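Here you get one chain, nothing else, as structure tokens; it is the form deposited without ligand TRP.
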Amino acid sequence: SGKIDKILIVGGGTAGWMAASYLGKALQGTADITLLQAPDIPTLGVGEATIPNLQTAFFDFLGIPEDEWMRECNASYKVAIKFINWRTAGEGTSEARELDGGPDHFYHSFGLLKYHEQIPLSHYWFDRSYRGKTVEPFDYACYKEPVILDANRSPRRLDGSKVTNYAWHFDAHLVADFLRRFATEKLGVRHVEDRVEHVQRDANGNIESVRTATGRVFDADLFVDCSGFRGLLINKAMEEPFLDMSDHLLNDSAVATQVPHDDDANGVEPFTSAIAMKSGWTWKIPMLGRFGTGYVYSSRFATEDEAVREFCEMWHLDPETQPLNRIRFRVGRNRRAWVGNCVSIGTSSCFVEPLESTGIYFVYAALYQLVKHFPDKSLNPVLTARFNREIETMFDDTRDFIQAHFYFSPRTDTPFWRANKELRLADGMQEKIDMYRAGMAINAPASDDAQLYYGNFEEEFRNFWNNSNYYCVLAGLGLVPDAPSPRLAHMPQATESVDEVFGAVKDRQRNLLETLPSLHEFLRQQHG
């Protein structure tokens, strides 16, 4: 019996310091926290893209205003993910190829999808498209974002007012540093820079203590494994099996670097770019004066050298001198994220390519669940089982959504793209696709007020990938319902007034394209 008195976090990367901060804040003065991390070879800041609830679910919980952390972490703004060349054959290039009279790209914005008589706008759009009343792409018809993004507009007016939902772009290293200073200076977390050499377990199989290379021994009531892909505690010591899911996702590697950028001459893109390649895709994460970029590929379809070549050749970099990070990652999740008195947080727990910026999200989402299911020293099995259930559905739902990006691409030009169609969608994903094809909304939000949504975590965790997200991706790639939603034929009054809505977004976007200052313009002011 008794509450948890000591917590030991193993690992000092982004996950480790977010854990120290979140737990240090949530348990302020009722638990002694120590973070243990081995100083080793650091990597290039290849950039990180995020989602809106980073501020409401994480930084707001710590009591850190947006302005404070993003200025210290030299962050930029992200309004969407621009998918480039996912529908056309060809080599890996930063320039969109031509498709049906236009550039091959489509957006997945954080922007809200307007309802109309209890029905998502997406459904009205497809009805008109299917009956030939429109030729306009889904994103440009239902969202105001596409047009102001094509013009690299800021998501905020010079006076600071927000005109749309947005997330952030930043170097993970700087954020980890910011959080380390915060956790140690303001939350009392003890930082020990040493390397774990031996983990001692008791007869119940729980971790008793960890011994470092210098011979120091640390004990705790609860151990948080933030050791990364190695899973030092969860996989190695506790022997919990990692479940590989490469049967759903072929990508398992990446070659990444940071590239200098002339913002003055080219402005700053208010979005992350996902550029389709021959054996994967490449991310582009604009930051201040540079952009992080990385080629995510499948080791089964391209050798590291081929990836290095393809990657450097698209950014016109020199393979021989360009500093490059060659990464190999495991895809999937542990059979159980929390076993005994060991909780895995971060890549030690689960991982999927950054195609939808879920990496950091998985960390604070898991920390939120750990606090919600926080135990005492008796370690009630029920709290552990529930936490584990929340993690598996969180991961598996994203895994499926991401697989859909590859499964439904029309490309058949390379072994990679053709191989993605050979895979099997999880039963849950197949059911969602069937629903989509039948004209149904997928996980429509009970309400269409982003505020409530992006402001209330419980509500967002339960409706993470909603109808808007699915339409952007599926419709963007070319997968559309078999026929218009049956209910529409019974709503003449609705399908008539819907035009007011479509016109409203057209005006909305015409006005923003004229009154909004470029992202660069805003960033200058924003950043001293």
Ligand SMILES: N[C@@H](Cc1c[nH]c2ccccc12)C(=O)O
Contents of the next structure:
Number of protein chains: 2
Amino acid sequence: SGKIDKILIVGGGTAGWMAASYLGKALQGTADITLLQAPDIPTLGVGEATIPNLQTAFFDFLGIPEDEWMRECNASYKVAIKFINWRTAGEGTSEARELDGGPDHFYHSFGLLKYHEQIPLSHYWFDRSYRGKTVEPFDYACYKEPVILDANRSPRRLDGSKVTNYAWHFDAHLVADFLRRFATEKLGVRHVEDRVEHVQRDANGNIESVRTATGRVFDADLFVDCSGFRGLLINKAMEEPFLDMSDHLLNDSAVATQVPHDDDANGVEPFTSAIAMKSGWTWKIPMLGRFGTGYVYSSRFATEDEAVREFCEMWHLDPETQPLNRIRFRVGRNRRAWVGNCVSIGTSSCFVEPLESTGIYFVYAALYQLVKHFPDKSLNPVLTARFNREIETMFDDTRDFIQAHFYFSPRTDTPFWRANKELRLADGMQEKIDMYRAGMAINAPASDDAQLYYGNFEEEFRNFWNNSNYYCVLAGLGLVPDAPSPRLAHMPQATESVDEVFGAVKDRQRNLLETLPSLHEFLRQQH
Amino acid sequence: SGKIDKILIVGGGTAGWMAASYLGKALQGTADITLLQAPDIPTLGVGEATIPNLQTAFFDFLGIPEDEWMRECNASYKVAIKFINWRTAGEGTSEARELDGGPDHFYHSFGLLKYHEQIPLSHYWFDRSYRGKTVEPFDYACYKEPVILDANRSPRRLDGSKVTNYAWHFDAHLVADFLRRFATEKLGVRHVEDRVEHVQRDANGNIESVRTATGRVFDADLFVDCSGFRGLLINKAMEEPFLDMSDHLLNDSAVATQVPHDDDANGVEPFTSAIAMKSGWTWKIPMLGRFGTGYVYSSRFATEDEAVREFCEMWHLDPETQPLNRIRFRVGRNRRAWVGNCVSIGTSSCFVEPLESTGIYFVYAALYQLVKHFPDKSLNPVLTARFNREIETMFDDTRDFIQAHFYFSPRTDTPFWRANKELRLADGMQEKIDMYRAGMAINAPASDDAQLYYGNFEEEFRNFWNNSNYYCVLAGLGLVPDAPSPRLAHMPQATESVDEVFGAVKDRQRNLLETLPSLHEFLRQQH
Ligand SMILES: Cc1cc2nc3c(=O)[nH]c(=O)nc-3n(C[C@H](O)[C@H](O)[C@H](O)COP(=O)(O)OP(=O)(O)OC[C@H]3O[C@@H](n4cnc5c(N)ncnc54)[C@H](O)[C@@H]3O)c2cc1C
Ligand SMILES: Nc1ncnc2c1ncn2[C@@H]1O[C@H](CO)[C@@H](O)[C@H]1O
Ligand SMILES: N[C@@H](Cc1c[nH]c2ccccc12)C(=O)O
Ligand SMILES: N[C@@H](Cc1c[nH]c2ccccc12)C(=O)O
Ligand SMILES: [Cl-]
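Return the structure block for the form solved in complex with ligand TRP; the form deposited without ligand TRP was the one displayed.
Below: every chain and molecule of the assembly, starting with the one above.
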């Protein structure tokens, strides 16, 4: 035995520099860490969207205040994903089509639905809706956010005070750079810029060393594969199978760019947009004076050329002239994330389309779990197996949630939208849908206190997709229960007094619409 | 087909009047509830021990102040279970044998272990123990309670202020009677004294009505089976299989009585005792001026006559003339707790020996789950299946935990203690043990805040047997990890600073021991 003394991280980029920073912090002064990465053709900054626990689980762990990193990474704010045109037929367009007297949009906001008499607000909304007491959409009824986001309001007042839960939009290249500087200058991580040419394994099949193009040899007790979709160590050297999951997710490709934006004329949207297309969907990630955008599509339904044309047409770009990243993804996860002394982190481990902003989350969630299940040199098999279980659940739950965005869309207008209805939901997901249709909450949060949830990683990891999230997406798409929760007919006092809860939301919608600065005004001050 | 209009509860006792009270409260004014019970030969009050969520999940739900019910039921206080003679060979005796320089006892107390730098105190204790920095037992190192329980201290100061988490000892008959008065007088529950003679089912297999010995016919939409081990409705009428769990639990019998106690001469113990015997264990449940006591034993290893002698000799009672309850238990659970329109609640549903004070908890836990999954007359099968899943798990996790008390005892002195080592642990339990031996937390609480835990039934129910409970019992019996958590060697600042955490336990131990009144002194004032 003996403790792990030496760690080698293969791969720079976002996953590698997060691994370096997180492990550098968690093990400070008790492990020697080297990061090895090949300088290679850089890509356009197409923007990344994130979730609130980035600050609480990751940057707060490193001891880095939000102000410091967000200014270094020219970050903007995200209060929701705005799902546009998921219910209406037609071409890929940036503009919401008309549906039932209003624009075809719904929001998936941060935070938790309020409990009223032990029951989530969603259930009272649906009861009122089903019985014809309201025609208001779920999101406008139950959340203060949709009204303020429509007006492009800031989540913070000019004095700094926070009025809602929020996360960040940034170019991931800037965060990687920031973290490289942090790990190397403050945590003692050694940075080697060289290309892996050969991986030597021992008779147990564990990694012994890595040899580079220059002939340099690096050994370690633990190897962290951050090599991206290649899986240099986990797939290639350790021969661990990748599990494709295109039986749940048709999308496997993207064409992506960055588009200049006049924030003075137009303001800045405090949300990511997920814009439904003919054969996939397009993201819009507003940053400072630019937005990142990418058409995520299914290569089985659109050629690369059709996707390039569709995408450029929507943003009025010239396909001959616009800088484009064309990407084919690996969709799914390794059979096992950690094998022997090789732990995969980032896209070497797993990947799903960025429909719910989970990419960066999967990196620091895995790093949290790695540290929790941290081995010594005997590599206790129970630690590895438990870590692998946490990763497979983290990923599979997300794969299911995302499939549900396509599966329950009402659209039948293209081969793509119809083909989605013909895939099967995983058993676990079918069960959640059955519960939802019976009027049950799905993974209701133990408390409705958002600070408990976003302030405690263990609490959020156990309840990652919660009832609020399922209702936003399912009810947004138009999937609703077969009938109201049977409980509510036995609670006349509760269904009466819930009216004040809805009034309270209406009050916050009105007062925040009147008092909040624009996101653009706040960003100018903040940066 | 419409809301449930009528509910018939079959069976009184504790489970039936809890069901009546809880449903009467939950559905007040929107369902007609009748409880049907035949008068039966009454038993000696042999005592019941409970857990803190009795007040917060049951009596607080009903609107009943702790002071009110406890004075009506002549209740005492419980701070822990004290396990006596589980590690040493010999006869069934009320006196602890010597082990390693002190008495053979350990405590399973209420509360949660403190987290230090994200890691439960248990892990720091074991690190120190393993490296020979301490020989102090786990319970004495990590809990303030053992010291004050050794001195029979009150959990409340004379001014009423609470210094620890605690629950109750009482004669269950007094609680059943208190609840009968409450439900009939405050909640409009109809009480009918009659004996079920016939259960009429329809062609869907649902119960239509029950006919009594007087010829009265009681119909309802939902039938609650609180008939006890007989399972009048769920087993006899609905023919639901009962799963015997004697491959995990050998104890199936008890002989029990009540002993007068002079509390002025001797004081009152603020704990349940669980006293290891040759072929089982004996409870001691202090009440006011008396204790309830019962030898739980395996009919495979002792005859009724033998258990009677061992039990009576322990307490110096005449086996020929002492009033005794001779009980054969039905150990295990139904394949399904709820079938068609018939829900089992209490021992008609499931039973395990009272080794961890779960019997009353299983009643209001299931009642909370019933209201959560409450049907209308269409009896949506998803509600029933999900309720059944929550009940299976609540029971099977308790079965597993209880089995571990016998399986990990070091005793080999009687056929009984040896035979327990020849049984298998369930897969899910073996997995927990594997994790524990690897130095992992088992079901670490999301938070170490006991108020959030005991004040939020969802939080507690999802994490019912937590890391604290596993360490009290496993480490108490002497099962410890193979090696310290490998994480800790990378945390030299945390393993240094945890000394203040152990020192604070020691300060609370000393200060509470010096300032607390006896349990008996507080009870005189309280009652
Ligand atoms: C289309 C797209 C959109 C996304 N959108 C979002 C989003 O909105 N929100 C979000 O949170 N996440 C998003 N993500 C996920 C996120 O971008 C990634 O997890 C992360 O930012 C980058 O992945 P990575 O670091 O694992 O891999 P990579 O960036 O591919 O890094 C690979 C590294 O490995 C090194 N390497 C490989 N082979 C060798 C070798 N032979 N020798 C030496 N070095 C080697 C490379 O040099 C490089 O340093 C998105 C991802 C994609 C693909
Ligand atoms: N045949 C029956 N009719 C009515 N109540 C019953 C019957 N059998 C058992 N019970 C009730 O179940 C409880 C036993 O724990 C008692 O209230 C008892 O009256
Ligand atoms: N637990 C996550 C769920 C989530 C992931 N991506 C999201 C995007 C929008 C809203 C919620 C989410 C959160 O509330 O942060
Ligand atoms: N979650 C329960 C666990 C428990 C059941 N029986 C116990 C007896 C003693 C201590 C804890 C328990 C509690 O803390 O109440
Ligand atoms: Cl993503």
